[PDB]
Amino acid sequence: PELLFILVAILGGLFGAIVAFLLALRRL
Amino acid sequence: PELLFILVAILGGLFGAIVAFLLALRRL
Amino acid sequence: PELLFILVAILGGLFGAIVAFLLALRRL
Ligand SMILES: CCCCCCCC/C=C/CCCCCCCC(=O)OC[C@@H](O)CO
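First to last, the protein sequences are chains D, A and R. Per the working numbering, the first sequence starts with residue 1, numbered consecutively. Per the working numbering, the second sequence starts with residue 1, numbered consecutively. Per the working numbering, the third sequence starts with residue 1, numbered consecutively.
Isolated chain D, as found in the complex:
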C-alpha cells in the first residue's frame, strides 16, 4: 500500500499545480 499512497500524493501535487495555474489565469 506504500506505492499506491505515493501516487495519491503525486496525483495531489499534479492537481495542486494545475490549481495554481488556473488561479493565475483567473487573474489574467
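Think of the hints as simulated: they come from the structure by calculation, not from any bench. A couple of the hints might just be wrong.
To be verified - Not everything, but these chain R residues come out facing chain D in the computed CB check (under 8 Å):
hint	residue
1	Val8
2	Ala9
3	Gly13
4	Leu14
5	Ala20
Beta carbons are placed, not taken as given, at the ideal position from N, Cα and C, and that holds for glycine.
Go by the hints and put chains A and R with the ligand onto chain D.
Leaving out everything else, chains A and R with the ligand in the frame of chain D:
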C-alpha cells in the same frame, strides 16, 4: 490523518508550481 | 510515524508539480 496527507500533497504541488513560476521568471 | 507520512506527501506533491510543469512545457 488521511485528510492531512492529501492536503499537504495538494499544497506541495500548489507551492511547487509557484516556485517553478518564479524560477521561470528568473530566466527572462 | 505520522511525521514522515506528511514529509513524503510534500515530496510526492512537489514531484507532481514538477511533473506537470515539465508536462505542460512539452506542449509548447
Ligand atoms: C505561499 C504563497 C502564497 C502566494 C504568493 C503569491 C506571490 C508570489 C508569486 C505570485 C505569482 C505566482 C504565479 C504562479 C502560476 C502557476 C505556475 C504556472 O503557471 O506555471 C506554468 C507557466 O510557467 C506556463 O508554462
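Open item on the list: Next item in the hint list is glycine 13(R). Is there a CB on chain D closer than 8 Å to its CB?
Closed with: Cβ of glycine 13(R) sits 3 Å from chain D, so the hint holds.
Task: Status of the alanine 9(R) interface restraint (C-beta, 8 Å, chain D) - done: Given a least distance of 5 Å, the restraint on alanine 9(R) holds.
TODO: May I ask you to test the interface hint for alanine 20(R) with respect to chain D, counting a Cβ-Cβ separation under 8 Å as satisfied?
DONE: holds (4 Å)
Open item on the list: Hint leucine 14(R) vs chain D: min CB-CB distance below 8 Å?
Closed with: holds (6 Å)
Task: Hint check, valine 8(R) versus chain D [nearest Cβ-Cβ separation less than 8 Å] - done: Because about 7 Å separates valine 8(R) from the closest Cβ in chain D, which is inside the 8 Å limit, the hint holds.
When each numbered hint is compared with the structure, no violation occurs for any of them.
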